[PDB]
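Spelled out from the first residue to the last, the chains are:
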Amino acid sequence: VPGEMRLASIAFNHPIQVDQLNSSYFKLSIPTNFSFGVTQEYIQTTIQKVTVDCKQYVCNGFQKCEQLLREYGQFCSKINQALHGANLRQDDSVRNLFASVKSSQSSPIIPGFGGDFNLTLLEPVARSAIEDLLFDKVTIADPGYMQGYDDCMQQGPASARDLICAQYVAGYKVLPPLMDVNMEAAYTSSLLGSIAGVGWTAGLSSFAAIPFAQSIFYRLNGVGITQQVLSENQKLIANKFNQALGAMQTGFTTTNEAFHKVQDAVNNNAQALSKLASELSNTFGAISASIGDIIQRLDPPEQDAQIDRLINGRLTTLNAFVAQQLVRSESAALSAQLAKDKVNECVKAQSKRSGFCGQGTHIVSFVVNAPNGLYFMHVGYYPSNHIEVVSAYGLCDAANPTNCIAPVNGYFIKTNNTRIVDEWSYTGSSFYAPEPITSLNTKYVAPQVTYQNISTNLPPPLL
Amino acid sequence: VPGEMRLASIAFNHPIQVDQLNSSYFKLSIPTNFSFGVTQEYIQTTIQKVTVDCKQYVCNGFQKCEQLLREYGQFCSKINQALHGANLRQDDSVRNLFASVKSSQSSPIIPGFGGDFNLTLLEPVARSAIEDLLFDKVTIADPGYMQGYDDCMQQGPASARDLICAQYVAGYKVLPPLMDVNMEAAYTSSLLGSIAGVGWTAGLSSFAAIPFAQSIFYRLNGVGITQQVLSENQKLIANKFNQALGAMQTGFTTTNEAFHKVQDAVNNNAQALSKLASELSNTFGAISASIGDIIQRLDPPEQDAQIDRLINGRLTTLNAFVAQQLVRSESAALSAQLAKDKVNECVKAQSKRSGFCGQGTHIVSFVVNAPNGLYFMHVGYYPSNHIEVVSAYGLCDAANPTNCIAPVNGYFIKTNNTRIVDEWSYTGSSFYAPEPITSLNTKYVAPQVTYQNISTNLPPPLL
Amino acid sequence: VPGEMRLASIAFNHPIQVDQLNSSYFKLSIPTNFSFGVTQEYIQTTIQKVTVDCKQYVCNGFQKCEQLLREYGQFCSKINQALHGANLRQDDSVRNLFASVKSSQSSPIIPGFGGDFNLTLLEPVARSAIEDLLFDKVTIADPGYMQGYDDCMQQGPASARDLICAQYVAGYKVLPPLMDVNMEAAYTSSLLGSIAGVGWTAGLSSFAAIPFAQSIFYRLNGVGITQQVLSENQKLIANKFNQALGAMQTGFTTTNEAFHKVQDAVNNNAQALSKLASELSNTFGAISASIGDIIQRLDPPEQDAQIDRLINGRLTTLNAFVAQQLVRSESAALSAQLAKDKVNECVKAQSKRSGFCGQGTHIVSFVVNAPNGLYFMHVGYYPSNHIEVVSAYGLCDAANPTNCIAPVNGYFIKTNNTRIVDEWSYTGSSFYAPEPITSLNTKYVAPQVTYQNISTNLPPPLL
Amino acid sequence: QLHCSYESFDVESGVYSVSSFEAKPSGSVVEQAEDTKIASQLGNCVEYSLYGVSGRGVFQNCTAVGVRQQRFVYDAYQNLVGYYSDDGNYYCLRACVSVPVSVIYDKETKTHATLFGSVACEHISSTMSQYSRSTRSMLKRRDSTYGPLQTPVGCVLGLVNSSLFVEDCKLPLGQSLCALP
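Residue numbers (the entry's author numbering), protein chains in the order written: chain B, 753 to 877, 886 to 1223; chain H, 753 to 877, 886 to 1223; chain J, 753 to 877, 886 to 1223; chain A, 346 to 379, 593 to 739.
A hint or two may mislead.
Below 27 Å or equal to it, Euclidean Cα-Cα: the simulated DSSO-like pairs (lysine-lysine) are [said to hold, decoys possible]:
id, chain 1, residue 1, chain 2, residue 2
1, J, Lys1112, H, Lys1203
2, H, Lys1000, B, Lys854
3, B, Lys801, B, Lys779
I should point out that these hints are in silico values taken from the structure, not numbers from a laboratory.
Required output: the full structure, derived from the provided sequences and hints.
Printed below as a string of structure tokens:
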């Protein structure tokens, strides 16, 4: 066997230290390697919609209880009103979301889409391989809307234990979703078909429809990687990205936090229904929880007092249940508003904000359907193997103080590369690679006291 | 009469398909026509503030009930404490909002402001035509703060049915709003006077005060429409925009969702007050809901038991009511924080985010006062009549590989216009219109394998 | 003594009026002086974590009550389940926040860091001077986790009145925080060490490590102040900024709203615990609130009825308490998500959004630890002494209509400075200071009818 | 009452609602054919008995509404809206007017003032026939030397029309009115 537990201290990872310096130059930390990686998120958008036949939940067709229930008839009316209002808000939240999800234009999607990138998210024209993994791995109780009560009838298995069959005992009705999974898939594939037509400005008007690999290279120019590196390492980029996609096949366990959230959303819907079902067996000072039993066992002066007590606790439980559902419905609507914002900032565009997504700046993100919500995947760019180098704030002509330049989207670093015959070199912001300093990499600025005084070889400006 | 209902399938609009291509050129979808349009939103910022005279609600001055109520005196103290804390939070949320709404500087506002744009939002120095439509169309019960109880007195109509008159029966007091509608109008006109002084960088310091029509043209350059088109079509832009404003006169029906939300905010305030009023007639095992009736009909050993039961249910109702108000107050504060963010991103500036507002990028938005909140109008730019054209990623000199260019805020398209004598032409991102390629429309870039090799006529660079 | 109250009207500050004009020029309002200022915010991230020994809270070890409590054993199980789930969510919210707070790299921090800026926020290697002020000024009840119950024992002062000692009476257990204040300080100093390495693009990869004063000047170029002014007035900038820091020593009173919010967060945690403690003395039709008293005073047929009534009210109070805690826990999680977003947009970068922070654009912000949350300080730039000047939309060559220019991040103003021998001059957007118009301050644009026709002295373009 | 409600001797500054005035009923009005002076009294605030139905309120002669023969006209909450009498006249019944009260307190100066809501100063007097609890004499040490003051929010005592313009008193009364110290 394993032995005793071990007391440990929680480790604190110290961030890499870089010395701040005075004078005209400074130390710069820059990445030399990277990996793509994927992080995921689950955003709930809806609550399972239910209604309750209040009268049937309180009493199963007995005439004595019905006569008493006429005194309390307005409580069932209020329960029906409140549940109906909650269900309307759920359906409107879904329609408002999908109105923003729809694009006005897209590419067709074929097998082989994406070129060098494998893309197991592609439809098998369907849903997707990732959606089928997610729906099968989560322990989902069997849906209604298909023949339902006929599988709780004698024409079906003796092993059925469904909450579908508890619906007619308790008077529940679970309502259908307002979309249909095929229409949800049509919206989802329409989002996938809009990716790589949203670059080159706007994206809310013109639709660029350009090669997917080329749009990724364009996004990598957008985070400060120079195009020379991107041109040489195209195959390596494809390999790293496909490794990051391959890691998704191990991400459907409860050690994955986003997956665990999906499972708990399903559990919560089942939990609410089971609470109302369990309360049918609870007496509230009654001899039995069946109204028919206390009708058989009691004379009518005693009988009606016992029935009234039983009714009062049953009504009180329904009132508590409705209050719970109203709170859950409102939180789902607020969560659906967050989902709408992420689709318009991370799915349809590159984000420059950080915060959202995995922390590695941001490149293309994807959406698939989940139980009760949307499941996001975000591809990020993660640094490795950082080195420290000498860098300068800017450069000027020693013979002419108005000729001053500053690097664009990158840094001026002291040369440590044997191809380059100059004291200074240009590198990208997100990736270490020296290059010659030319007019394409720089901008003209006003002079400053910290800029270097270059006595000879400067090519922008040549003078 | 109309006949039977018709079963139908929900339509799915397929987005316009554009073929993705390999090689050095691609198909581009671009708009050729447009319309302005207006979408609206209602953001609640407050709850109607109330207080409850707890002792009077439970008992109408009877001495026997007062002696019993001394045992429960701390429950009324807690009810007063909780309601008072909620009312302070409402008033602070209003002040925090208006502190961000205020500008440090503005234009004067006259009739004829806006030039060619009609602007029925202009004050009639007042509120506005739109505000008067909104306040009259919503079914608002008559306000207090004006003589109030004197219109529930015998010196007034026999047809009064106001909740104002139910206030003194139940011990309610509806508190006044903390602003005054004239001061709200002063803040609202100050926002209108700041529009078109927020362009040309910053806007949090300098105030530009430039012509309104010119600021709209400047915003249309900001979404990729070329200035040549804007110069020619100024009259057409004014006509389309005024048609979009004219559509607001039909927007005050319950088919308009934002209008429907305003009506329901008013209904909810009335609903809460009516719930407490209705409960005054409910017995809780009492002979009568009047304490004076059970004092007259019962000897004091029996009387006090009946009074205590009546008190217990009345206290329980007030506790439930306070819990409801605390939840509503908190949700209003969170909603008011959203309103503050929209004023600082959609009203005072052009938004580049999408998501927020009507989906047509974004140009100028407006705010007016509403019942319990702010009502936003967002003008958007909606595409029509899309066409597909041939386009190139960039162009280079065939004699010199370092001379490469890429379009700025637009595309390089194959020429289909008889004015232009070149193989390639420049167009804007949001509107199809060919133009000559010149230095103003382009930037110098590093060479790429997908750029075209131009053998003759290039003017930037000429070499 | 003071006399009678005075009725007053609430003042409305009119914003500065600027006349809108027609024709080719316009009036511009621009600041000529400024002050730095500091605003603060408190964002709660957590609830004090508690558990309740349900059985002990209801009954203090009596065997007669325990026999009755077996009938209700599932209610205590549900209370424990719900409280445990709430505590897990609190701990996960903390870990998710600190995962985003951590940087991958930082500077070392020494005394004298920041150069000319004083920085009382520097660690005394510790927490900070500001943190020690905040923790001492708020009236915090003494923490547990240190020897606790041994200071409620006879081996301690007779004046102890702690809720720590009420824990063993009621069966509470306050749980420890999941971080440790030393680890919180390590994260906080790591944020301080990342400031001024996040400029010059990206900031999510490379770490610039440049002089703090120089990074402030770079941020001031980012809000439209010209570098000529910044070069001359470096000492004055340091003096104004240090005055704004000096004002923090008077900010720990309840007149400061952010400080008042911190005090109320502490009060709310204490309030919840005191509510459960006070209810131990409340009878629910019982002869005494002690179960041992009613065991001594009653024969067992009467005794058990009284004990059951006492149990029912005690269970009902715990159910209400759990519902309150679940609501508070969820609101804290949502508030913690807001804190995460502000750290990634205001602490680690300059914000261009407005809205967030004090309203003076935005420059560097700081974070310190607070009771139950984070306390932010935002340095803003506040205008003063505005003047109106004549300005032009742009300038062109009168001899050649394609030679047209427009100012970059600033304005073209009519000259009122005796150093300059030109009709037009350039000024910054946030600060009035004339300068010569040169190629560094401008961009080439297409011609417009409102641009000035310059007949002689233009240097960009010279032609 | 405020000190007791907060269990303290140092209540924080603010505007606080307190117990309202009831009204104080006049002599009873009785109709019951089957003792002879007050079968009617058109308009005050009186106790009444109408063929075994009892309550209190203000009667007003008004236009007929319900079906005469059935006498008692009710609303949806079973309150007596009106009555057809044995003189052939319909009387509207509107109960009585209670007067809401709130007080303005500043802790720093330890001074106070009061507000009666939207009732209007025509119904307010230096001593009251309407009754709630004990006295308001602490106000009346200064406020019995002044008339009641009509404001847009309501009728007040001790408030003084200064016509000052102040950004924030920390004691707003609603609308644009502010209770400056």
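How the hints compare with the structure:
Among the hinted pairs, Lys1112 of chain J with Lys1203 of chain H is consistent with the structure: their alpha-carbon atoms are about 26 Å apart, no more than 27 Å. Of the pairs offered as hints, the one joining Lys1000 of chain H and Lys854 of chain B holds, with about 26 Å between alpha carbons and a cut-off of 27 Å not exceeded. The suggested pairing of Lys801 of chain B with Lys779 of chain B is violated, with an alpha-carbon distance near 59 Å, which exceeds 27 Å.
The earlier numbered hint that this structure contradicts is number 3, and it is the only one.
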